[PDB]
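Engineer: Residues per chain, in single letters:
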Amino acid sequence: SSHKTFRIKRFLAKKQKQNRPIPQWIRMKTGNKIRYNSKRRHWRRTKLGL
Amino acid sequence: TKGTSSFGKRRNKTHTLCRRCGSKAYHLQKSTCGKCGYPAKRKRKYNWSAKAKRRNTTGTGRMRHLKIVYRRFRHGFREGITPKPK
Amino acid sequence: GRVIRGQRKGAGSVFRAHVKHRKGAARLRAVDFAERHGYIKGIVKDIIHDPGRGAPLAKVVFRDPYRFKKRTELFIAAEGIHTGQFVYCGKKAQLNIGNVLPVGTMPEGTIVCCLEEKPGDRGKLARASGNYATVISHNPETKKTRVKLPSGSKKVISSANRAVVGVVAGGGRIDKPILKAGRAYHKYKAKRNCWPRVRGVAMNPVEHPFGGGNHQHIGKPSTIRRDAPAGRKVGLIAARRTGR
Amino acid sequence: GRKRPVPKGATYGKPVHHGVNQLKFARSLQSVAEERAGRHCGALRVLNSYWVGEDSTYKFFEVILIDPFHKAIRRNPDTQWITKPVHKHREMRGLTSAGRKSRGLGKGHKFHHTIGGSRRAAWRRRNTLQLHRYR
Amino acid sequence: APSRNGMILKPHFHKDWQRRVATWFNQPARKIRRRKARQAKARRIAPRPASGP
RNA sequence: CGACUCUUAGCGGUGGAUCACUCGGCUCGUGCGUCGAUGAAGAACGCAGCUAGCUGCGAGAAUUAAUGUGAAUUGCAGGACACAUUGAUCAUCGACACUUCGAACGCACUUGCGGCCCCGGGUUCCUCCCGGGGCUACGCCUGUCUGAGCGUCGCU
RNA sequence: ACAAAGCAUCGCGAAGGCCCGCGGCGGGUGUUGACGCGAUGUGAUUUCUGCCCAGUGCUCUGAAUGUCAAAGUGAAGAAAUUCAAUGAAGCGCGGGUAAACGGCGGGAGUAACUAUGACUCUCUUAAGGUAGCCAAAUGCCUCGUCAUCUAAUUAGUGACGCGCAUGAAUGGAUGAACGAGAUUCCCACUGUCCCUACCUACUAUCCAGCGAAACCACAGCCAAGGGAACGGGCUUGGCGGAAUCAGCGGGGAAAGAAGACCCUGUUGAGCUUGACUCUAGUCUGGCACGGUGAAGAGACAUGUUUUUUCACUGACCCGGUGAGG
RNA sequence: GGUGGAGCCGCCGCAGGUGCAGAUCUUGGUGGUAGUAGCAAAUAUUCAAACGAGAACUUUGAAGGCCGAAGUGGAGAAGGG
RNA sequence: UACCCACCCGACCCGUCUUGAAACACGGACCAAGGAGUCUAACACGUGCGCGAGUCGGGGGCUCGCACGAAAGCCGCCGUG
RNA sequence: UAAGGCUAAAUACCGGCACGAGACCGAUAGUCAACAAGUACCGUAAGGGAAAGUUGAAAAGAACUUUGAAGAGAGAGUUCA
RNA sequence: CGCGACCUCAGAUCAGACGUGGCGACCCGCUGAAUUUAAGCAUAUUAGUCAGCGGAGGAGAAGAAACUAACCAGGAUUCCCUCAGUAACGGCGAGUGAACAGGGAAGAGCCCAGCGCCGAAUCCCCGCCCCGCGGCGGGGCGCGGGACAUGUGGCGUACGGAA
Ligand SMILES: [Mg+2]
Ligand SMILES: [Mg+2]
Ligand SMILES: [Mg+2]
Ligand SMILES: [Mg+2]
Ligand SMILES: [Mg+2]
Ligand SMILES: [Mg+2]
Ligand SMILES: [Mg+2]
Ligand SMILES: [Mg+2]
Ligand SMILES: [Mg+2]
Ligand SMILES: [Mg+2]
Ligand SMILES: [Mg+2]
Ligand SMILES: [Mg+2]
Ligand SMILES: [Mg+2]
Ligand SMILES: [Mg+2]
Ligand SMILES: [Mg+2]
Ligand SMILES: [Mg+2]
Ligand SMILES: [Mg+2]
Ligand SMILES: [Mg+2]
Ligand SMILES: [Mg+2]
Ligand SMILES: [Mg+2]
Ligand SMILES: [Mg+2]
Ligand SMILES: [Mg+2]
Ligand SMILES: [Mg+2]
Ligand SMILES: [Mg+2]
Ligand SMILES: [Mg+2]
Ligand SMILES: [Mg+2]
Ligand SMILES: [Mg+2]
Ligand SMILES: [Mg+2]
Ligand SMILES: [Mg+2]
Ligand SMILES: [Mg+2]
Ligand SMILES: [Mg+2]
Ligand SMILES: [Mg+2]
Ligand SMILES: [Mg+2]
Ligand SMILES: [Mg+2]
Ligand SMILES: [Mg+2]
Ligand SMILES: [Mg+2]
Ligand SMILES: [Mg+2]
Ligand SMILES: [Mg+2]
Ligand SMILES: [Mg+2]
Ligand SMILES: [Mg+2]
Ligand SMILES: [Mg+2]
Ligand SMILES: [Mg+2]
Ligand SMILES: [Mg+2]
Ligand SMILES: [Mg+2]
Ligand SMILES: [Mg+2]
Ligand SMILES: [Mg+2]
Ligand SMILES: [Mg+2]
Ligand SMILES: [Mg+2]
Ligand SMILES: [Zn+2]
Numbered sequence: 002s003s004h005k006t007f008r009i010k011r012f013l014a015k016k017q018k019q020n021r022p023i024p025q026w027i028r029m030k031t032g033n034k035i036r037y038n039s040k041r042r043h044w045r046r047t048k049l050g051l
Numbered sequence: 002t003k004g005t006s007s008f009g010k011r012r013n014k015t016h017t018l019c020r021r022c023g024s025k026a027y028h029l030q031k032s033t034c035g036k037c038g039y040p041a042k043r044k045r046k047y048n049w050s051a052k053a054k055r056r057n058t059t060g061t062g063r064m065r066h067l068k069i070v071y072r073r074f075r076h077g078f079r080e081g082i083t084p085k086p087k
Numbered sequence: 002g003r004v005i006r007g008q009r010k011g012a013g014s015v016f017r018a019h020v021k022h023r024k025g026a027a028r029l030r031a032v033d034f035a036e037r038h039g040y041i042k043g044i045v046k047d048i049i050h051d052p053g054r055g056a057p058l059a060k061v062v063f064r065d066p067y068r069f070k071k072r073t074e075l076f077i078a079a080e081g082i083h084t085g086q087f088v089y090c091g092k093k094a095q096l097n098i099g100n101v102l103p104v105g106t107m108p109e110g111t112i113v114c115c116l117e118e119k120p121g122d123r124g125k126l127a128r129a130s131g132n133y134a135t136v137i138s139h140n141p142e143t144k145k146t147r148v149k150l151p152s153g154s155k156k157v158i159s160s161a162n163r164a165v166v167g168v169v170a171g172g173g174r175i176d177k178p179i180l181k182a183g184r185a186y187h188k189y190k191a192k193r194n195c196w197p198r199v200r201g202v203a204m205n206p207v208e209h210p211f212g213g214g215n216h217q218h219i220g221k222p223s224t225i226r227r228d229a230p231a232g233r234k235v236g237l238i239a240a241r242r243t244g245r
Numbered sequence: 070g071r072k073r074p075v076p077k078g079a080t081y082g083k084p085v086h087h088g089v090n091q092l093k094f095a096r097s098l099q100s101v102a103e104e105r106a107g108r109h110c111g112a113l114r115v116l117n118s119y120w121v122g123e124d125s126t127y128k129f130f131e132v133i134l135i136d137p138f139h140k141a142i143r144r145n146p147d148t149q150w151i152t153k154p155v156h157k158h159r160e161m162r163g164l165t166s167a168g169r170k171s172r173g174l175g176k177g178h179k180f181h182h183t184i185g186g187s188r189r190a191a192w193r194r195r196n197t198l199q200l201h202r203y204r
Numbered sequence: 002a003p004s005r006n007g008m009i010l011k012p013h014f015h016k017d018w019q020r021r022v023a024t025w026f027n028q029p030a031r032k033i034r035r036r037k038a039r040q041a042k043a044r045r046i047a048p049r050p051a052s053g054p
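Chains as they are written, first to last, in PDB author numbering: chain l, 2 to 51; chain j, 2 to 87; chain A, 2 to 245; chain N, 70 to 204; chain L, 2 to 54.
Please keep in mind that the hints were generated in silico from the structure rather than gathered at the bench.
What you were told as hints is all true, and nothing was included just to trick you.
Below 27 Å or equal to it, Euclidean Cα-Cα: the simulated DSS-like pairs (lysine-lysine) are:
(1) j:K25 <-> l:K5
(2) N:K157 <-> j:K44
(3) l:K16 <-> j:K36
(4) j:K36 <-> l:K48
(5) j:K31 <-> l:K48
(6) j:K25 <-> l:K18
(7) j:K14 <-> l:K16
(8) j:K54 <-> l:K40
(9) l:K10 <-> j:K14
(10) j:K36 <-> j:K54
(11) A:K10 <-> N:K77
(12) j:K42 <-> N:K157
(13) j:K25 <-> l:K40
(14) A:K42 <-> A:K92
(15) j:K36 <-> l:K15
(16) l:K15 <-> j:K25
Please model the entire structure based on the sequences and the hints provided.
Structural biologist: Here it is in structure tokens:
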């Protein structure tokens, strides 16, 4: 928006750190069922919850 | 022109983030939430969509106080005492 | 089936009166010693005109005879009032244009406007743009007076209440034809949303009781009971005659 | 009396429930005063009420309220039953003198509904198939 | 639709029975909740007619 | 024997049926029957050496002390520890702690404005200014103080 | 089509008109006051606006001997009660009103060709269509009749008018300017046409690359016959040669949509009113809050009741102000 | 017979959510159509070099061109994050 | 008998509503898995069994923490009904 | 004997804490959810709302040689497979 | 034109407390339909049900007769079997539809006001000490307050009670 509130900026701060992939050693822990993040977002498709 | 042409002049928003719900439900013109009902003192639950009711009731959050109230009772609700030292 | 326009002028909220730029109520300076015994003074400041009214208003400056200050009013200007004139008020005032008196004092046939229907209500009757009210005859005891209004009806009024002398300024506003639909929209755009009025015969029978038909005809007598329910009560309301 | 609040005559449905004007309220006017009295002062506990005077348009009831947590009530027995949390808002559940009369209970051939606990638990016991384990 | 010499059979299921059906699978466990009380009360008032006054 | 087409079979794909499992449900019993202005339910934002999600937690933040337990934790590091040590870890949990919203509470929801007290710097209360702590919501009870009334009087 | 200026009616002096609201001493018009507000009708200008108040409305200081409830009063009974008198609004009765809804007819004879009929007879009604206008966007018969325009015209324009079924603010007649409004004719123009031709760009076409969908019982050459009364298959004939490319619109009663028509259903909705049953609202009476003082009167009785009228101000109501004489 | 890698059936009785071709059935899968329809709105590309396993499509140079300042140019609002 | 092929004769595509369907009537590309007369109560008749002018069965009661038990057994309760 | 008041026990519990069981279902079944499920995702919003279990016993999860730009292969090896 | 009682009534960031919200299976007040059934439908029915709203508890409500009965009489409430799909309701149609007694589970009863008696015999909050303190209390001492005579405490409440 470039004219943001503070609550709005925090919301984007959290959604922008959830985006990264899974650390590759996680795939090594004992009881795993996780391969790819599957909870990623891409600003062109699935716009934010706004 | 009621579609694909009017779906274009849609810049401004009716709802935003409610400070009590956390949902993108707060009506800005009306200044009430509309999922809990914000300036009203009581939450808008309903006996009238049980599926929406069980989406946010006790247990669906953290219960970060209630979850230890069940712990104390189970043992006796005592306080101001410490187990016997070594 | 629907709720007919005219039923809707009550809820307001669109059919509501358009009053941002209006200069303020056109009142008549409530009473005290000065009105009830003496003849308080005051001078005219200006003749500013308000939107939505054909009569010009006048900011008349008295000075409050109790605290050092300057009360300012808005009188519906009598025709002849000019800037700088001295307007005198009260019981002991003398009878000339722009002086407010109690109708009990002035003789019969006097031509007054901005009259009060009950004592003290600060001016209610005969104040439109070119109207006046003639005083008819007195009645010393029972303190009442008979007064003819612009409608031609005659009303018995208590002799106490006051009224400025003269006629309301701006006479003949109805004489020049509006002459184009623009000047009408442009005219009510200062009063309220009652314009272009659609005749009922053009609406479908769900919107207005005079509707429907394979010709644009009314269908039932256009005169209607005064004891009607809201929604039927449309057309000639409780007409006693009907025709030129 | 009462006036059925529908946004005109406008009671949709069969002409039996068509009524708006003439119907009356189930509770009494006294049990409305006790309610409004204890609804204001949520700390205090309604005890009982009587009549004082009336108008064509008003009825003045007057209500005895008690502070459940003042030591002149907590310590003296025979009045500490109001402290126990069972009695919060007696007049909201219809437990005062006036409120109970609307519930229509008593003993005898007159009060046959409400022969369980109350008018609701009456038929809760009649409209129940008692499907036994053994039939 | 009646057929050929039955009864008239006004059965009361028009209202809504499925909701307020009370099954009795407590029945044998209630026999036991009461039995302990019946015993626990007799042991509590030891010399006394267990049946009551 | 040309290719194509069809049927069948051998194998190979495509697909996920069947089958065998199951830290999950459903149903029925039993015991208990445990919220919140000392601030709940719910929501937000944070917190791991490498950590996104679930979970666990609250600037003392993948836990704190304590008590049992008694040598791990682990994907890789990395480590203290002396495993003759509250002693690694887990369980319990009764000591302590509890970011921001929220009945939410100084007024407002921008995250903005204040007031009143105190204690640091500033001052040498000199007022700001800067920093820090405690109050300041509505309703109502009992008491307390200050009052108002040509209300009833009394004394003057 | 609507709107529109304009014309016109209609209610209303504020405890008002219209109107909202579930409810308040609530709100809109209203920061208003008849040159204002609300409710309709027609639709500039010009020229006009004819008859009808019987019908349905509306309305009227209108008689309410018509009826008519709750209470109220009266009488019999032992009492539930029963029977009396009386009587509000609206209904019944009587006025007004058509720029309210709306209405505005049928027969014979009679003039010097014939015809037509000024003229004269009945009948009916509430008046019986006046000024105008017409085969018009209104005329069934209908390609009405005459003229004009054409070589030729169910078209157009102009006249004619017993007009199935025109016509006066449900407005009549006109009409400059204006119109992406409807027609007709003429000049100019033209590949609209006689009658087609060629040229250009992008396609389609072939190739590399990439690659869908609707649809599909099985399928796909015909004649005739029968047949659920129009076959691809069946009977009898005709015949049949792999795998395909560009086209093509005869056939698959091709696809697309449990037909929008029609009929049924004891299935609905939207709207209407002289359907049935009700309702908000409003008019009127009773009872309650509801008092004080004054006169006076009738009816019954030999006090009661009805109370009519004029005052009062403490409830109640509205008005104003910074509650200032 | 084969592959498959952990459980299973016969008889006497009892109990069922018990047998599918079909419901424009539900869910999933896969064909024929078909390597087909298609990748045709705004005139336009070409040469050389570089990089590279690999160049009609990147990058640099050169040439031809269009947008033509009511822009395909230079900056903002809301919206996006 | 079942795989392929050959021949002679026979032979129209199933489901459905229908007086009548191969129908120029409708559903159906194909294949997997899912998928529709159930339970409760109340009658009625038939049938099997116990007892028989009687016969129960429920609710209670007496016997368990059930492993099998929330079973089985027993009770002037057994007749209050 | 009304117009005032208090009261344990048998009685009810598809929420909660903590358990136990089953002629129940067995991954299109059983709760929507055996998994990061009221999650992903849609809708402005009220709300809507999925799919998705199984290597082996132990990762012993294919070192090395080789072809290829690389994806993929050929040998080799691990394994009861 | 003052000072003083009391009665009304205000203001306190005054001393001390307390109420709101959540859950909502069961529970208690109120509100309250329409699909549906009747082969149509309007009464009826669905149904005092769904939704709406308020309020609680570990259970709630109810509860010690203004009862039942007609008997040689029973004896608070709640639940189960029964009464019984019966008495009654109903376009007497569709349909609706209790109770009493009897058996059993359980079993518990009690307080006021008033009328009176008693020197207000009473209660609250302060201040000092003694004990106790993680459900704030007891004991004593104070011309420390205040409530209360417009009525607190003891006996007493209909089964009778007081004297
Ligand atoms: Mg986008
Ligand atoms: Mg129309
Ligand atoms: Mg209408
Ligand atoms: Mg017993
Ligand atoms: Mg093969
Ligand atoms: Mg295979
Ligand atoms: Mg699957
Ligand atoms: Mg005073
Ligand atoms: Mg008109
Ligand atoms: Mg006329
Ligand atoms: Mg008339
Ligand atoms: Mg004529
Ligand atoms: Mg003409
Ligand atoms: Mg022509
Ligand atoms: Mg003509
Ligand atoms: Mg082609
Ligand atoms: Mg065709
Ligand atoms: Mg029929
Ligand atoms: Mg209908
Ligand atoms: Mg009628
Ligand atoms: Mg295995
Ligand atoms: Mg099964
Ligand atoms: Mg199957
Ligand atoms: Mg150009
Ligand atoms: Mg730029
Ligand atoms: Mg047929
Ligand atoms: Mg055919
Ligand atoms: Mg069909
Ligand atoms: Mg009692
Ligand atoms: Mg699966
Ligand atoms: Mg499977
Ligand atoms: Mg599943
Ligand atoms: Mg698998
Ligand atoms: Mg599998
Ligand atoms: Mg193997
Ligand atoms: Mg609450
Ligand atoms: Mg029906
Ligand atoms: Mg039917
Ligand atoms: Mg029907
Ligand atoms: Mg009904
Ligand atoms: Mg009912
Ligand atoms: Mg409910
Ligand atoms: Mg209780
Ligand atoms: Mg009670
Ligand atoms: Mg009893
Ligand atoms: Mg029987
Ligand atoms: Mg009923
Ligand atoms: Mg006493
Ligand atoms: Zn909210």
